[PDB]
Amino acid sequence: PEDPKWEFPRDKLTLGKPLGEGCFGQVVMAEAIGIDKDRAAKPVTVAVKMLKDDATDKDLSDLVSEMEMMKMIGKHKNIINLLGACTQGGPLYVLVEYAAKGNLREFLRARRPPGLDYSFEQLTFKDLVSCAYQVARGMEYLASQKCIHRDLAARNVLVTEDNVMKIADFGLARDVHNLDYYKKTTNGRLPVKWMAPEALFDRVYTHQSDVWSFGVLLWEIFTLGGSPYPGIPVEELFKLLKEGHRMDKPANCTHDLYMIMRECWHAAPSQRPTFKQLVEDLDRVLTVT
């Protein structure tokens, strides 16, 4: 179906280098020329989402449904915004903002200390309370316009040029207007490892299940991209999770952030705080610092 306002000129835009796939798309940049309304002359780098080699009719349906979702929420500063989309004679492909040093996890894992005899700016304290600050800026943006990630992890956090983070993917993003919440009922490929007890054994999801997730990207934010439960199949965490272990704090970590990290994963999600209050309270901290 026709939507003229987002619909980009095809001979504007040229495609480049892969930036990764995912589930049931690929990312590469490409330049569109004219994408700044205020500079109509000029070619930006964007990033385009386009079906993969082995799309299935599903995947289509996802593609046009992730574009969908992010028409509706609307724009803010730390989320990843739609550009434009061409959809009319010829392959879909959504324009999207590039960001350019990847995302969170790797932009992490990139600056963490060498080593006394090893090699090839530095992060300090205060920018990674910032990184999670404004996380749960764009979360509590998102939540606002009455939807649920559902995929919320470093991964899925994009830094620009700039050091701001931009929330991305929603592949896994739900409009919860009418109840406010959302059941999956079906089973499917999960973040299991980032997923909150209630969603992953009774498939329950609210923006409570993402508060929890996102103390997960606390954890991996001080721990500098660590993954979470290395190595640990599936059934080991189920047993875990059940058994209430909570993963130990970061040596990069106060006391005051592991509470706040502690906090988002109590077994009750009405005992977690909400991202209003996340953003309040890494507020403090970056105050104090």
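Residue numbers count along the first chain shown, from 1. We call the rigid core whatever largest set of C-alpha positions still superposes within 1.5 Å between the two forms. Compared with the form deposited in another entry:
- Comparing C-alpha positions between the two forms after a rigid core fit, one residue in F107, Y182, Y93, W212 moves 2 angstroms or more. It is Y182.
- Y258 shows a C-alpha shift below 2 Å between the two forms [criterion: core-superposed Cα displacement of 2 Å].
- Shown in the overlay between the two forms, fitted on the rigid core, is a CA shift at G171 of 2 Å or greater.
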The other form holds:
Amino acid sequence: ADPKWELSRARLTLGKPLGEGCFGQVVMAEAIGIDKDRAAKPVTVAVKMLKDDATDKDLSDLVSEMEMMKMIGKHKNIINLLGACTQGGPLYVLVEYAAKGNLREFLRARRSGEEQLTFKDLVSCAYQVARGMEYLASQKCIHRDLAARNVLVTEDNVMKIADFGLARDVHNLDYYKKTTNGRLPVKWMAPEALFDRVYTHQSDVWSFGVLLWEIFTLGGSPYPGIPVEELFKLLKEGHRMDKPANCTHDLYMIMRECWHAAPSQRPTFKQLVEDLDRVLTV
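Let's compare: the form deposited in one PDB entry is above, so bring in the form deposited in another entry.
Shown next is a single chain and nothing more.
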């Protein structure tokens, strides 16, 4: 047990399930005194844990994620590590709670409600995810599955990227070709990442272009009507998704630049932050 990060299990009261994926179950919890200012204050957290049927491999993957989160360090636009329970029973990894839930569901709830998102709100969403990715790229972190389902929204509308710390071993091609949480992850993958079986910051920038298209369609599912067995041949032939309705030329330019066939011709995350900042300023 690393004493910097260890929390007593007695400080943690597990609450309701928040969701489940290929990489673990996430449950809501109250953690007492995880805020150093007030060692008796309850703070709501999310706890990542293994499913009951988990293997030793699954455990090593969750441990690898926890250790990777420690190495990467804190940023406003990522789901930060807050602590762990590593001795005395099942591995619990405590991470930030995001009260408005995932970005894809947030956008879909705002197609036809009173909480209509403005253009500026949507550009702010994209800007914040670009800032979190710029940070991750500066720490040599490659996400490998950037998508709006993998971004969380706090009570203050801060965007936080989740599941950036996963091992490459869990991002086998079986993960990308099976449905999880209402999506087929291969539809966010850069063509060369599929073909060469290696991921880079440039393949993450491709996935960011798909995320940007998700934002401006208010949570659309990518490549509407195209069979997944036909997609990558169409991408090689130069097929790209059309401009979302009401999207400006500036934002669609950014999407199209993210999807350049040559990885070296894509913007970096640093450039994307500047480009999205320019849109906010104008």
